[PDB]
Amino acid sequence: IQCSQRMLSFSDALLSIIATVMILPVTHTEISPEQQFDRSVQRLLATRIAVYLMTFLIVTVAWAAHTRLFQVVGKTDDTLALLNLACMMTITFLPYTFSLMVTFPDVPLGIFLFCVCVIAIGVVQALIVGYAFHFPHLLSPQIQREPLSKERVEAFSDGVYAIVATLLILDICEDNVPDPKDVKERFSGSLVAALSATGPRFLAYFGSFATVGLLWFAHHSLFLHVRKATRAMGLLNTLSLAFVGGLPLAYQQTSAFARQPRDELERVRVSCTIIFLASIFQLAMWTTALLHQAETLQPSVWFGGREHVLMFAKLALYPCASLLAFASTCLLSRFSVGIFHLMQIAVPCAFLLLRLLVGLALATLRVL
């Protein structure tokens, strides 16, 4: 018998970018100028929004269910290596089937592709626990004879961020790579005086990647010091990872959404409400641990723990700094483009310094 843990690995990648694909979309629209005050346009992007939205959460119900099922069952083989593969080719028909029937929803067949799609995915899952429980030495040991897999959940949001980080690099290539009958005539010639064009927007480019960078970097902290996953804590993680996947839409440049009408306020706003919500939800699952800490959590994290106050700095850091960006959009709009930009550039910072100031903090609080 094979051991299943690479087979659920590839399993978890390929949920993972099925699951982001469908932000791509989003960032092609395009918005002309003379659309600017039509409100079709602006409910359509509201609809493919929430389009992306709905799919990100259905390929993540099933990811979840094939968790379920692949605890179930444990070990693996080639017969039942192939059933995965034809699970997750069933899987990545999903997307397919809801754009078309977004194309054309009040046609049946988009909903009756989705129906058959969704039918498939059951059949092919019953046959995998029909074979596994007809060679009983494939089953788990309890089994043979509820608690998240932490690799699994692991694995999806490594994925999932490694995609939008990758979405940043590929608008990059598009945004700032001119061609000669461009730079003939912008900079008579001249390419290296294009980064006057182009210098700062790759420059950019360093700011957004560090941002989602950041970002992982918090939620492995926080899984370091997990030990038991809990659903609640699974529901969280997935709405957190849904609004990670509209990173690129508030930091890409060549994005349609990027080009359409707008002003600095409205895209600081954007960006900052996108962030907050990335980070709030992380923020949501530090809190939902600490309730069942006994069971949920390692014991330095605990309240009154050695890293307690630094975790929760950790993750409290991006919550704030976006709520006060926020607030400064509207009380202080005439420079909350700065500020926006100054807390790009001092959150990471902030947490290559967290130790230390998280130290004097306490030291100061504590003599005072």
The other form holds:
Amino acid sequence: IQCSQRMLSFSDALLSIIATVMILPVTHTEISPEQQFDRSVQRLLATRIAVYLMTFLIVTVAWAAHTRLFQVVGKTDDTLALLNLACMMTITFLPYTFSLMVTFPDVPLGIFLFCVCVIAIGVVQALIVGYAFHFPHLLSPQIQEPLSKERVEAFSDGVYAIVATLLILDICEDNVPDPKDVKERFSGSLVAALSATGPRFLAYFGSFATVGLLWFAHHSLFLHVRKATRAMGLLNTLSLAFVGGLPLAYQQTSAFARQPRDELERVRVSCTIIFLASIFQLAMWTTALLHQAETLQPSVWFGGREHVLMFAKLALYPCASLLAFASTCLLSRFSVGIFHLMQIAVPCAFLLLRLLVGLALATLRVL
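Let me have the form whose entry title says "open state" next, following on from the form whose entry title says "closed state".
Chain only, nothing else included.
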């Protein structure tokens, strides 16, 4: 008999890596053709984004089945650990097979391989169940629809870390000046070649800050969560899926455009992605409030000490993205500066959120 905490943490890490595998083809796409190949580039980008979303959802369904399986199976052992490794190996093949099926939709080999992967996952899970039931001491006591907050938290943390580090990974792999280009194309100067790679650094900074503040909000929320439901899990899955597109949005924003219309368009798209990623966390919080007694600590109840602070922490990014979108639409001349100042300010708001909340409550007070 062994504790299964670390095995499930390892599984969560693997599954988080496998769910974000199809976002690299998205962030590795052509920024812009620059010869007006505009039609076929956005097409491929949209197809890649659809494939990413579908693969994320499928791997999340697999992860949820795994969580239920090892909620009915309490303690693990050597054989169960090896079978779980086999299950992880099976799951690792879902993105490749799905991409193959949606790339070659006419030949039956792709759907065949997809269904084979699925059936193999199911067979490994059934073997785990059979082993656990042949040895009753490996079953949870109640055996001998709330999700496990542990697994949700670990999975979300992994997704957030990957999405926050994508751009720095790509930088460190590719954007390191080579001496030849330095003292040939830049007239013997390393500082020049490094400044040439400034846009990517600013994109990484923005993406890391945004993803880290969204993780901060998620962490503050789930510190007060008692029982995670399936609806909250769905909303968290949607939030995480839309969190993966922040690196692409920041890449497009920081990149210089041809004419300001594309500037406004890219700012709009980035604000939309942020708004979705954040409004789904806000929806998680409201769905939990629907049943606060069996879902939330009394601190964040209707009338609790930390209720308004949590509302603000979770509604900060959505309101900012909405205001930036309204800027893009109406003003339409100071939109980029508004977006950049919000990039810089939202963090300072998170840092001074308690002071601002008190000031605003006093404002409501004596008026």
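Residue numbers count along the first chain shown, from 1. Here the rigid core means the biggest group of C-alpha atoms that line up within 1.5 Å when the two forms are laid on top of each other.
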{"item": "Only residue that shifts (Cα, 2 Å or more, rigid core superposed) between these two forms, among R227, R259, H220, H292", "value": "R259"}
